[PDB]
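Chemist: One-letter residues, chain by chain:
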Amino acid sequence: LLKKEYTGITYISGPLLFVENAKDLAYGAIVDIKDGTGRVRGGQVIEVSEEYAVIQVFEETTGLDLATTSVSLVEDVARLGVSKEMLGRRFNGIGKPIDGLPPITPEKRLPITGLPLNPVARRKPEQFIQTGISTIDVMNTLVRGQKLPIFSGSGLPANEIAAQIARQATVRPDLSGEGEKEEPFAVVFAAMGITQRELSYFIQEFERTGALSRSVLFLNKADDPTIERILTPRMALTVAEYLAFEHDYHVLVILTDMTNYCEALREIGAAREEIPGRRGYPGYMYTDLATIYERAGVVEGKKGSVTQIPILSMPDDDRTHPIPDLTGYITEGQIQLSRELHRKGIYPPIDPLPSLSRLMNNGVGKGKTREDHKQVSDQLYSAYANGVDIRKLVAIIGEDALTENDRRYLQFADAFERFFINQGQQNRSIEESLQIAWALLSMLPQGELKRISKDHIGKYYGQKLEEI
Amino acid sequence: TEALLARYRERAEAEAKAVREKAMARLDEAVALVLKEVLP
Amino acid sequence: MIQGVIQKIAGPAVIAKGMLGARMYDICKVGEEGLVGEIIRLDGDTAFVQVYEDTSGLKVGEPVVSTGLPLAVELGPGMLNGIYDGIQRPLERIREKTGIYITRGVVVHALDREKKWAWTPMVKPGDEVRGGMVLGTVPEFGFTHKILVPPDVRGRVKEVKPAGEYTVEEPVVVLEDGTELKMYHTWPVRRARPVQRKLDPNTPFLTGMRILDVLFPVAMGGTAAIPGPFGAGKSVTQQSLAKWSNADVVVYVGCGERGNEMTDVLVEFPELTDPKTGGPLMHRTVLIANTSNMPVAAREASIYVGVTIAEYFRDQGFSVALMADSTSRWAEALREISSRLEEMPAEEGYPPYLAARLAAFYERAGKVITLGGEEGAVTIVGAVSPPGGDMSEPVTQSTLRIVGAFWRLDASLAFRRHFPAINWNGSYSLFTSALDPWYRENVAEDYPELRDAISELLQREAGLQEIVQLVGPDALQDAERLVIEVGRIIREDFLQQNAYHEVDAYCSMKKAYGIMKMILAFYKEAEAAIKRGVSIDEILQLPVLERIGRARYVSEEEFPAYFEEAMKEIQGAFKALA
Amino acid sequence: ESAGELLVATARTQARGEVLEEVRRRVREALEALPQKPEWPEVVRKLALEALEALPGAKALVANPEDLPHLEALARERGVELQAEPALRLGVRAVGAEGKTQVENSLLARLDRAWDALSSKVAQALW
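Chains as they are written, first to last, in the UniProt record's numbering: chain A, 3 to 470; chain B, 81 to 120; chain C, 1 to 578; chain D, 61 to 187.
Misleading hints may appear alongside valid ones.
Unchecked claim - In silico DSS-like cross-links for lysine-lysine, where the CA-CA straight-line distance does not exceed 25 Å:
#1 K466/A x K376/A
#2 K36/A x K119/D
#3 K86/A x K181/D
#4 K181/D x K97/B
#5 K25/A x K17/C
#6 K59/C x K160/D
#7 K126/A x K97/C
#8 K59/C x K6/A
#9 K106/D x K6/A
Unchecked claim - A few chain C positions that, by computed beta-carbon distances, are all more than 10 Å from chain A:
#10 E169
#11 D213
#12 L281
#13 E375
#14 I484
#15 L577
Treat the hints as calculated values from the structure; they're not laboratory data.
C-beta atoms are modelled at their ideal positions from N, C-alpha and C, and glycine is treated no differently.
Assemble the whole structure, with the sequences as input and the hints as a guide.
Modeler: Structure (structure tokens):
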């Protein structure tokens, strides 16, 4: 309960300072750095030795000095106090309220880094989330427990898609067979380097839909300290796991602009002169991102769940950039927006071909959705790939030279983009999306549907595009 | 309409007063617990 | 034992002072919690330790104890049907002890010590025993686990315990020098286990995938690398290798990859059936799991542990398949530790000895004569995760100098939902010539000629595609158009395979040969018809094409009848056009 | 809709916070009233003992001149100097030999560092 203070500051440079006699500072401990003016700023121990301890200051080192600066221990392990009463609050990215309300009374203090989930303790994500968006529901299905990012661009509407998914996300027990009444999603929202325009959009949307009472918001703004950007997703996921696996909640985590997280990580790595990787990003960026992304899933013997929908803006629309590249190696698929579709006026502008969901098969078919889902999706993929290839051919050798089958594939590609992908702000149940899908597939000769068994073609083929 | 908001405002005032009144019945005991823990 | 204290903590690395006499690559317990680590540098009175566990909360001045022994695995009955951490700790036991999260510092034996095994001696008093001989046997799950002599142990038998039920600790044979031989022995994971002789691979590592089994095979003791960008199908391909391969035992190493994949294996396999044995698939599988968010340095330990266990089961006389979920993450771990050591990097930050480590790992594969005189084999398939799909990276380039097959995944094919998504233009195999004798007597006498014809058709299609994409299909002659169409038929009806389909997931060699023969027969008849003035459209609109297009979804037990019928129908249809 | 429920919840939270602030004030006055209550020598001696246990290499102790008449016997017994300083009341601090480490055991600081841990128990007691 007592306070230990170290005054042997020997060196300050960039975001680091060296403390001389700090043998009792554990590796990874949190400290308070008090300035001559009495202002206190935080920091974490990143290396310790008999000679000195290297501290990483979360905010700029302006105003510190070697004569009147003192470092005090705060906790051996970076922890966060969590309570069910977190729902409906706002926090600043280090965990402190910015809602003008009294601080929470913690039921428990949890280490923010968390602990790895035992693989034998997990269970398979199998419950299908209905997002109301056909391009996701039919072709890139999301299931509870999944980690499915949105690969966005600079000026593209990824925030709109995230808000729409949060609004329309439902689980449809009627198809599954349990028949029990659903429960709503809690939303944990972590913002890193977010601008006021985007924050205003999100706050207004959540207020409009009433979800701001069943949500927790951690807001690191683009005017907030950069090194604090590394704590935000970890605190968000600590709260998410607490709620899900101790109170049986179904949480939906949105991490907006993970590109900002990776930029902060590069800043720190460059400061510490660690061995870089591909474009100056630290060689351990993959492990660091995994420690955030692999905190989703579903546990055996637990009713709750954690779904993650990270949002990252691909630099220069480049998919081979280290940030998207490493994310795609960790996450379970990705939803990639198309600048071309956006310029054509399509919302949501989700490109199917560079989009994938890896957990779709464990969430669709018999006893979940309806039996033709997987084959319909496969056939749509084949047809759209052929349509895009024929479109490439047409841009060289003109439309008039096309065979009639190729002309059909062209018409399919266009109708797809204009009726399946484009749906505005509408909420489509899985039944309506599958109906539209079969309507588009009916544009092709019944014999070219090689991915679908005969029975399904008989059952559903032949509906026109008269849907209204 | 505004009637629901007025009713909820009355409910909020009632709840706040009720929480305060419930608290007043044990304040000294909580002070004693905090003193026992904080003192050595 | 050498005891010292922590002098410095930096990530997965700890420097311990007072360790004069500690040896290179020995195991030391770091901290009050006894975290496992390996010494990798000695300097004066200090030792650099890489820790195979999380280091948060450690304080300077905490004890460091050297065990005197290198990193070793327990090798004995109890490993089949199990899932292990990187340093061989049963994860079921870890869960039962620490709940749903992996807490650090848990000490538990790799092999259960309270289990009873039915022991059948195969030796008698007075018998001379050399390294690797079979002392006896114990049933495990339908396998016949042979209790071996450790490789570096010689002597004469003094007493043999009679048939009965014993734990792994019971001395089942005692030698004259007094050395007690149990059901298990420890082996260092960085020393390759010895063999009598290395053989020439002459039989195929059947996989269940048509493309890999036909165009780019791997021999039973060969090595393959399967690199690919994210989303291409590495995990699905390796899981299918594990489910359908003709190996006796599969050691599946999840080095720094998704934990849902480990859960998927654990949940699904217990319900599938071993293709040959008939029992549950899990019963032939060893799982080594060091997921992405588990400690970084344990990735290397996981690789070595898996390869040593594979060598052990080879030494019992089994054909073993080793899958490495990503060697790229092993390379990343080495890069991290070299960053802590303050070493100077080679290309892209990796240490210059990366190629040496990869080479040593892959050279443990091979068909061999065991020290016991029986034939064993270990087959290694290695997954590489190049950043951006670039194949000019150090890990892929270092692997390509040592593997005998190069299964190249392509993101363009995966975007079009063409799976397994193997670039047949960029892939190769150095085992095709050596496996021809086996094919000519186990598949068909002319199988290699059909395979060569299909490869030639694909090469012609690749040549024509560049012309078509710029000048349109109509500009070609009828022969080239037929080649384009047959190349498409090969792609969609032969090269594509659905891992999630109840029948198409697995394909036998006979079925692949049948599909190829049907395709080539159709091509010959179509060429004849083109010369006879038949229109390409007439050929394409034929109904036999549907028969060939649905042939892969037909089951094995009825495929030959379908095949005979379709072969008749091909001639019947091309006679109809006249 | 739930706007009224938001009003109710914010009122409840503000009330709970004000109640806890009242409890905090009661505790802090109770602490600052110690230098009068005849135990205030024994408590400062116990705090000094704890501080000395905190620093193995302790070389000095610091306390207000009023606390000195009680801490002198412990200071001399423990082989550590004593100094009169108008520093924080309600405790003692130990100074390391090199002069770069220091442990303080004020009761106000202990209250600050224990409030978060005690809040759960206090809330369960009150309600």
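Chemist: Does each hint hold? Answer for all of them.
Modeler: Okay, the hints, checked on the actual structure:
1. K466/A x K376/A: Holds: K466/A and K376/A sit about 21 Å apart, inside 25 Å.
2. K36/A x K119/D: holds, 24 Å
3. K86/A x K181/D: Between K86/A and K181/D the Cα gap is close to 16 Å, so the pair holds against 25 Å.
4. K181/D x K97/B: holds, 22 Å
5. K25/A x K17/C: holds, 15 Å
6. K59/C x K160/D: Roughly 19 Å between the alpha carbons, so the hint for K59/C and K160/D holds.
7. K126/A x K97/C: Given that 25 Å is the threshold and the Cα spacing comes to 22 Å, the pair holds.
8. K59/C x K6/A: Status holds; Cα separation ~16 Å.
9. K106/D x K6/A: holds, 17 Å
10. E169: About 25 Å separates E169/C from the closest Cβ of chain A, which puts it past 10 Å; holds.
11. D213: About 23 Å separates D213/C from the closest Cβ of chain A, which puts it past 10 Å; holds.
12. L281: holds, 16 Å
13. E375: holds, 34 Å
14. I484: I484/C clear of chain A: closest Cβ-Cβ about 13 Å, beyond 10 Å.
15. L577: Given that every Cβ of chain A is farther than 10 Å from that of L577/C, nearest at about 18 Å, it holds.
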